[PDB]
Every structure is written in structure tokens, then in C-alpha cells.
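A single chain, nothing else alongside it, follows as C-alpha cells in the form deposited in one PDB entry.
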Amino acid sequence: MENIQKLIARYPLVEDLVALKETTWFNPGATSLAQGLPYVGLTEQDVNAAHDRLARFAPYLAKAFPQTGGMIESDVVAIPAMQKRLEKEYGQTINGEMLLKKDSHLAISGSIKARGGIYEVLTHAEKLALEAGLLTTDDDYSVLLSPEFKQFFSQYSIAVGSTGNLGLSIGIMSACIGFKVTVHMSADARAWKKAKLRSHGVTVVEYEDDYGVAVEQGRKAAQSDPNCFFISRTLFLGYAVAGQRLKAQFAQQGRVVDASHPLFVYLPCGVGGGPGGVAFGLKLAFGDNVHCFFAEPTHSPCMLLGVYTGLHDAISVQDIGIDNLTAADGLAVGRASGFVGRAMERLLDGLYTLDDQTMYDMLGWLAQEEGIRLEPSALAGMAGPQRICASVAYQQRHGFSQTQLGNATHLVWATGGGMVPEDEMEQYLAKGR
């Protein structure tokens, strides 16, 4: 009911959220890694294992995916021309050097969801192989291409309930390993994603009606098959691998991260999984010199909402009357992961929102300034550098000096749009100049 005004009376910011008004929140409860670590319940070793699993799979991935040293990775690129365009358009200096992480151009799905999805399928494939007696961790994993492996994996099934890039990632990886795969999808999903899945031997089942009881009925249907696996800490750990990989990319480049060369990362957020896991890996890798922020659409501030109020999964955005409708489809998630909120709160410097116009304008501007063409969701991070540079409160609370700031790296994490078909790109570009 109108008891939304009670929440506002206790948490004033909740009122800007309702007004769909662009908001920035700096977390007073951000902490050092040492102080923050306990609440995640994953170590550096859990993360080191994930890398080692992926290394072991490298000779496999390289042969199975010609593009993919067998690593599914993305470029990080400097974007100085985009950087001046933002200063000219919005009038706030961006100190330091703005960069773009192009997870939008990752193999298989052209999405951050590749990281988590692929790691999840690969962990499960490896597990079944090990237990069957077909493989040890000392083997060259190119063996999983053999006729006997293919026949072995085809006796097992993977079922997933996603309509997004995650389903695309798991579908293709699962098919390539050689599982029977069924992605359960809503009729709402874009035609090219169902086509790519099917072009790769995946079974796509669509639901006009009650995508939710279809999905959860599939889960129960799959529970009475012991050979069906139905799709998280594994996903989380999959994203978390991005941390050391980006550190390995800066060392190559000669890019320093220090108390005097701080790094800021701006991460688009839907339910929390992707950006949570990426934040965690970054924290292990760089420590208290990486300052992480989540970005959400004004029409979908689920995590900001949950972290600001301290409620987490207690509250949806629909509860306070926000309609959860946005051009950033893959961030249009009305309730945040409780897990990530609690696990990651202390490790997030703040969270902010932007609206659909800001995403479209910046999308057009990026293309015009750097030739890089992305989707709206992927622009979420782009607004962050100026939120940070503008706030002297935040700067002073974290002890940032003007010269630390001038040696800053601002890293915008692009999350999708590499595999957007031409006619959809024209749609995005036709809303901002």
C-alpha cells in the first residue's frame, strides 16, 4: 500500500528511487579486504582452483572454439575520445584515465554471462568425466573431443531456465561438450538467440504462458532423472576469474594499481551474480586499491534498494511501485540476490542509477567516439566515472588526494552487445546523438 512512505521516512533516498530520479549512493560501510573477506565465504584458493580448472581446459577450448591460449577473454581498451565527449556533454571533469573492459566481445555469447556459464558447464563436465574414470587432472583435456567422450556425455543432460545470455552461454558450451541440452525460454526472448542455440544442436523450449512454473516444473521433472543436471557459488567463482586476468592485462600494458594509482571499476548489475563475482575477483587481485561500484537502471534499482535499506531480498522494486521496465533488458531484475548483497556490501564503494536516455546517449557517443558498438545494458558503467569525480565527500572519506585522482584508472565494464544483429543495433542508435 501507500506504506512506501514509511520506508521513505526511514530511508530518504528511497524517495529518489521512486521518482525514477538518477541517484548515486556512497556506502559508509565500505571496508578493507581483510574486514570484508569473512562475509563472502570464498577464499583466494577457491578462486585459484577455478583458474586451474580453466587452464586444464585450455587445450580443449582452443580446438573446440578456433577463436578461443585456449582462453575466453576480452580486450581492455583506452577510451580517451569517449572520455572528453562525456566531459563536454555533462560538464564534469573525469580525472585520470578512462578504460573499457569489453566483456561484450567474449566468445560464444558476447556477454559477461559467458564467464559464469562456461565455467559452470565445464566444472560439471569435468566432474562427470573424473568420476566415470575416463579422465584424471593430469590428462591433456583435448581427450574430451574423442568419440568415446562424446558418447559418454550424450548419456547425460543439462537443463537451464534462463531466457538471457546465460542460457545462451550454457546451451552452446553444454552442446559442444556433447550433453543433451534443453534451454527453457520464454517466447519473449530475441529470435536470434533461439536460432544460435538451435544452430548448435541445443533443444529450445518456449513458453508464452507462465515462464516460472514451466521453469520450476522442468526443475522437478529433472530431479527424477539422475542424469539430468538443472541450472550460485560456481557461477560466482566463474566471474571471479576476471580479477587476475585483468591484473595480468595491466602488467602487460605497464599499468600500475597502487594507493597512488587507484583503480575504479563500474559494473552493470541485474540480480548481482555477474558484477558481484567480478568485484570479488578484483578485490583479491588489487586489494583496497580497487574501488568497485554497481550500476542499475532507474527503473530497476534492486541491489541499491536492498543494500541501502539493509533489507536485501526482503524487498523488490515492484513493492515500492517501480515498474521494472527498461531498455536495459538484462538489468531489469526486480529483486536482488540476497547472497551477493550480504557477501559483497562491505566491498562496494557505492551503487548508482542512470535512466534510459543516459544509456542511449552514451551508447551513440561511444560508437561515434571509439567505433565500439554496444547495447544499453552495457552503458550502465559508463556514467560512473563522473559520479565519482564529482563527489568531494566520497573523495575525502576515502582519503583520495587530487594527484591520486589524477593518476586514477576508471574502468567501465562492458557486459554485452558484441553479438547484437545489425537491425537491433540500428534500433539502439536511433535514440540519442
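Numbering follows the first chain given and starts at 1. The term rigid core refers to the maximal set of C-alpha atoms that superpose within 1.5 Å between the two forms. What changes on going to the form deposited in another entry:
Core-based superposition between the two forms shows that, of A222, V333, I79, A327, only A222 has its Cα displaced by 2 Å or more. Once the rigid core is used as the reference frame, the Cα position of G310 differs between the two forms by less than 2 Å. Core-superposed comparison between the two forms: the CA of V183 exceeds or equals a 2 Å shift. Comparing the forms between the two forms on their rigid core, the Cα displacement of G201 reaches 2 Å or more.
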The other form holds:
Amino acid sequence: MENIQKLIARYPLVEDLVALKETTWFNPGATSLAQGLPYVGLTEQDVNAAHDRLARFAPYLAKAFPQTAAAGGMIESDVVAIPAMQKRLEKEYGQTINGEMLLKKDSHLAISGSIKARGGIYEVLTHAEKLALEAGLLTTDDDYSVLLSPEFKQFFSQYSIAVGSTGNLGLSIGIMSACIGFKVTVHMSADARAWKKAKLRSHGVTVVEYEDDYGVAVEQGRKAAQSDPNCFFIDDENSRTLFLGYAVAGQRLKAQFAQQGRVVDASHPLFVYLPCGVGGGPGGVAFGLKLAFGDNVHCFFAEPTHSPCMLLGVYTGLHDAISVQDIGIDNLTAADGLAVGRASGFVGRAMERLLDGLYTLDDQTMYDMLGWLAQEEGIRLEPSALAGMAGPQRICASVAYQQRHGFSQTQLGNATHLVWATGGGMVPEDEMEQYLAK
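Please could you give me the other form, the form deposited in another entry, since above is the form deposited in one PDB entry?
There are no partners or other molecules in what follows, just the one chain.
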């Protein structure tokens, strides 16, 4: 009634969300690592176990994917300085980026060039391990390169994987599963991009299309998998296994910074800008980053103006009890990996205290910056992977965010701004030329 409209008036940013206006929200309740940790429900030991499991699978990956052999079967991406892009952004948008801007190239991760691959590949491998252990065919002391044998491939070919996805997660699962031996079915909305559907279908992956949203595709994926004990559902909304897979990135990045001699501390703060779809990818990475760098890393989520599911969920405190469609937002965006109308739930509650803020940007901003990055640095990405690129200027422009955290412009001169590129390596020439044309 009158109280319901009094309640809504307490959440004025929702008006801007409905109006599709680019905005930024800084979390007034962002906490220390210690204060936020209990809400995650996962520990550093859980992350260490993920690291250990990837090291067990490293001989397998080195043999199966020889491009990783020099790194010993580790799947990791470059981190590069992008100073020409930094200057271009300053020219185009008229806001100084204090400090130094870098790009984390998960767009070019080996085997499958996406942030989602960190989790997808990890989950597939974790699941294969579980099946082999419980069949009494493997122990954690065995050399996991044995799993590449025709015998083990045959064993795994008895099983299937089901997954609801916008595209990239399915691609990474399909690629790893083909090697392991699993059959795959990807459940996806009709809204998903044609080229990602075609790429799965051309590689022996079953695609089930739904005349509904991503959320329905995931739920119908769940139901289909329940019928068959040999079918395993990878749950993009709920999987802690995916989450931990992404979290591996934290210590990897710290090691890279250590190699590059790059300092992160109170006087050299690290800011990280993460594209957000359902929240699993950016949430997991953020968790790993927080464990690695503590209170000196400051994480932000970036969403399309047409799909601000996580910002809406966190800002209202409703999380997954509300969707963007609930308030008239169409969930239609060129950032197809981020076209998720309802936030994870578990990520929202687990990670909100560990996020300094969340912001939105338009498709045109993503397209413009996509072109500029190619022009300035020679790096070609998909639209979703540009969501974090708007971040450094949102932060450097906000005097009041700097007020809240005891920063200044002078202090930010010592800052590192890390834009997390989430996809681009798997994009065909025809599709990339279309993105460059806007």
C-alpha cells in the first residue's frame, strides 16, 4: 500500500536501473576479509584443495594439451600493462586513470579462452576424479596421466554431463569432456548467440534450446539430469565446485605479480574489475583474490544496463528472490555472457561484504571500448569482456568512494587497476569483424 511505496522510495537507484541509465554503486557495508569470510561458506583450505587437484591433473593436461606442457599442465593466462588503452580512455571519457592499468587475459586462457573455463574445466576434472575413485579404479596417489588411456576414456564414455549456459561455460565443458570421454548436453536460452550454439553442435555436443530465459534453461537442465544416475548436472547458479575453480586465479595472479615485481599493499592498492553474468565467475575470482591479497584488493562487478541482476540483488538485499525482468528490464544485451536476469543467490550473500561496489554500462560503451582496445593494444575481445574496462574511471572519478576508504587522487597514483578480460580467443573472424563494426 502506502507502506510499499515508502519502502520502494528507500531504494532510489532502482529507478535508474529501470530507466537503463549507466550507474555506479559503492558498497557502504564493504568489510575486511576477516569480517566477510564467514559468509562465503568456503575456506582457504577448500581453495588449496582446488590447487592440489589441478596439480594432480597437471600431467594429464600436459599430455592431452601439449601447449600447456612447458608450464607443466597449468592452465593460466597472461597479465599485461595496457598504457595506450589507458591514455585512449582518458582522452575519450575525460577522466584521469590514476596509477597503472593492466589487463588479465582470461580471454586467452589455453584450451578454452574464457573465465568460465577456469570453473568448467575444473568441475569436469573433479567429476571424472570422483567417478574413478568411487569405481575403485584410481587413487589420489596414482599418476593421473593414466586417465588419458583408451581404457579410461571408455569408462568415462559411460557417463554424461548436463549444463545450463549462455555459451562459454558450455564450450569449456564440451572441450574438456571430449578429451575425458564424457558425453555433453548444453541447455541454453534462444537468446544465446548463434555462433556459440553452432560451435557446440559442430563438436558433438547436444544443444537443447528453450524459448525462455537462462534461468529456465538451467532449471530444465537440472530436471533432465535427474532421470539418469550417469548424468551429472553442472549448476552454474549453485556450484561451489565451479566457484573454487575460479578462485584458483587469486594465488596465480599474486604469483604473477611476484614474478613481475609488482607490489600490492596499503600504499599500493589493487583494484579489480570483473564482468558479471550469474556471478559465479567474478565471485569466485574475487574470493581467491581476497584470500591472496586481503584488504588491499578492492573488487568491483560490472554488468550490462540491460542485465543488472547482481547489482539489483545486492542493492535491494533480495538477491535471487528478484530478477531484472521483475522490474521491466528486458535482459537483452550484446554482452551475451552477462545476459543473466537473476543473480546466483549464493554468490550474492557469500560475497557482498567483499565487494567494494557494482556498476553498469551500455552495449555501445562496450562496443566502443572493444574497438579502442584492438586499435591501441592489438587485443581483440568479445563485448562481455569489456565490461570491466569502464571500471577504473568510475573509481577514479568518485571522490566519495575515496572519502569512504581513506584514499586520495595522490594515493591512487600508486594504484594498480586490473581489468579482467573474460572471453575473446574462441571468437571466429566473421563474428569479431561484426563486433569491430559495432
